[PDB]
Amino acid sequence: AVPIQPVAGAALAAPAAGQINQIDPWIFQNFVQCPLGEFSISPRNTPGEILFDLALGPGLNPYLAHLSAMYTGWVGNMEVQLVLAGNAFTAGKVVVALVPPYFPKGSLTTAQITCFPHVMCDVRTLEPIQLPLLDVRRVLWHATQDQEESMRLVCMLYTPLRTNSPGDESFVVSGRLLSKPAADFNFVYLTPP
Amino acid sequence: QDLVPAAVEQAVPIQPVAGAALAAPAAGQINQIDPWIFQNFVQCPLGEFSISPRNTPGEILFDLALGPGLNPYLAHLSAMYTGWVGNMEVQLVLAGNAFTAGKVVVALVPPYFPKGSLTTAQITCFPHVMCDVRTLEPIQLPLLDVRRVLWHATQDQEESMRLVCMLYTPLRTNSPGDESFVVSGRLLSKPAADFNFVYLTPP
Amino acid sequence: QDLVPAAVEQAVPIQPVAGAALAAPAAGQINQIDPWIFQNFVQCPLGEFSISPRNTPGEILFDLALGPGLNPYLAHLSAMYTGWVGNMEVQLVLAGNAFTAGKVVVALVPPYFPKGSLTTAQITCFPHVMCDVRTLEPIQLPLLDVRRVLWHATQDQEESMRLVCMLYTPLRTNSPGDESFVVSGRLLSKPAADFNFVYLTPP
Amino acid sequence: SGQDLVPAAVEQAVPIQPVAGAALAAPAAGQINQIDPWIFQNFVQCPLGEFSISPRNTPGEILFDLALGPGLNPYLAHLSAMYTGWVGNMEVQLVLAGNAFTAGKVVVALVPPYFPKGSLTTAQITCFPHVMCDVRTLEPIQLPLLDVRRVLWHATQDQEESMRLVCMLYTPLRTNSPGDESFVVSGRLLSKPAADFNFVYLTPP
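Residue numbers (the entry's author numbering), protein chains in the order written: chain C, 29 to 221; chain A, 19 to 221; chain A', 19 to 221; chain B, 17 to 221. A prime marks a further copy of an entry chain.
In short, the hints are calculated from the structure, not lab data.
Be careful, since some hints might not be right.
Derived PhoX-like pairs: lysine-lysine, alpha-carbon spacing no greater than 25 Å straight-line [unchecked claim]:
| hint | chain 1 | residue 1 | chain 2 | residue 2 |
| --- | --- | --- | --- | --- |
| 1 | B | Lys121 | C | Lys121 |
| 2 | C | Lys121 | C | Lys133 |
| 3 | C | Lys121 | B | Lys208 |
| 4 | A | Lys133 | A | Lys121 |
This is chain C alone, in the form it adopts within the complex:
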């Protein structure tokens, strides 16, 4: 339950696009790993470390990035899930925020990361955490051969890791980020690659 309205996908681009092209239905059935969507927490990290930050688009997917070479545009939401590898004796919390597609850049403290629509997940949670990546925008559709500003997913260390370690290693907790297109991801126009 994150406080955001649903945002229209292909329902807004359709009157203006010339085609609206579907994706293989076997692509929505798999979670693939996002580039740079990996991190690790060591008990040496102080709260406030940006563990990752990555933007919405077709570059979050090995298949979508390859298919965007034929098409002119794209609209749609994505669907990301987060896996963490930690046992039952760890302690520490991570906040995942949904940064609007502006609000450019700076140092984000923990007092500020909780002011976005966010999910505050612990570190000893078993099941992968699901959340959406919404396509907030000011234009009707985006262009595949032009990287413009889109909504970003940001990860922050909210409460620091408190665990043990025999003598080695420092027992880092690893974290990975997987994604797949939501129901209303679409391309726009068939062009030659």
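Once you have looked at the hints, place chains A, A' and B on chain C.
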């Protein structure tokens, strides 16, 4: 038999512009503002200018831009939200004596208009208001939200409805007159009922 | 197609404030006053001021306070009663010629506002009225009874709705002009229909 | 995800009856003022909502003390620059998610106005409506902070006597770990306005 009457004197006609109706299926949120900010004309952050008797007709006295920056209340709220879309309502006061003769014109220049140099002949071809310098009651105008995008980001480089004010006729006084007689002018503004921010962020 | 009109010129909007409706279950009595005191604007005990051509913009010309002390009739009645609660209605006249150019602003400053120093930029952010110095017909304002307590005691140290008047633009005359040309101003006031005293005591 | 913790931080009864918020201050204010409705949705961290509990702390150590007002919210502290007045209750979470080896208990009290500030011994903090909570509770302990008062509203001039919220360390923090390490629990504090929070009068920021 149909009648003469001369008095019309105001009321630029407008066609209503869609506010968050266009933006809703695309913005993540659409945030209302306090309903009493719509009730008061308060002075812009940059709402000061003066007309000296030595200005030639055609010189642009001031030029604002439709945004959340023409209102002290909206400029304080805009720190939290990442966007805005809506209309404004502007009101200008001119403090002139009963011996200063002149007229200014206030026009609504669209976005994407070639940002060149406007003459006195072209200024009167936009939706405008003519107001002399002697008048006592403030005049006011609507500032609509003509735009090609759904909503605006709070980064003032983007083009929007500008508000230009030129000197239509030269400011001459029949008396000998000291040249240190500038005519003061102030700008005030409040959001029309179709204004709202977009997305909650930290300030 | 929707219309331009420029003329609004007055009428600060108000939300009605509860008079003795809040106070009744706590005051021992609630005393009406003569119904004809509501009919006449009469001059305050401290309703005199003047604007000299040598004052800079921002200087506070006068500052009254919502109470039974802005009315000669109420100030005579207040000797018998120990309290009051209600709204007022103020009317200011400015005796200016047709050659003096300037504008004053009249704002309604709430209680518990930090009693510092108000600029010309912050004065226009309270519910206000702009009035030039040449105008002939008197302007009037409502003075509401914003308060944290149920009723007020007739001991003027307590904070209530103040009424500030600043010089928005500097008073300049196009003619050479004698500096002994102060512009006179008077204040008048009468209780709005929601005023009444509280408890009968000896005068 | 081990469940040998104490997730028993369910809604407890605090001996206090509901309190009027903006309903009383409506006919004495001067205008209609409502605040954004998305502010009421998410819990965000207070401007002073971080603390820590070290095992070198003795029972009686005040972890935090804060008065009810707009200073408990980054969104409300920014809006409170334009207004002179506020009424209403607020809701606070308490994120004490210590390790599976710690031990200890804090007690959050609800101190009324006009109580003498300062010492507030540990024998006299259970005399108030209190919540006694462990340091291992997973789910964030929610609890209301109400606007008990004797005026119609509070000015945004912090000198008003408002209801406080004291967090004593009732018992000392200990660790049962097999060797050399005593974990320090880092507590956070989130808050959001209740359904009856409202500001009073518009003034320049």
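Quick rundown of the hints versus the structure:
1. For a cut-off of 25 Å, the pair hint linking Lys121/B to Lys121/C stands: about 21 Å separates their Cα positions.
2. Note on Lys121/C and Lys133/C: the hinted pairing holds, with a Cα-Cα distance of about 24 Å set against a maximum of 25 Å.
3. A C-alpha spacing of about 20 Å is found between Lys121/C and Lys208/B, which places the hinted pair at or below 25 Å, so the restraint holds.
4. Restraint check for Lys133/A and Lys121/A: satisfied, since their Cα atoms lie roughly 24 Å apart, inside the 25 Å limit.
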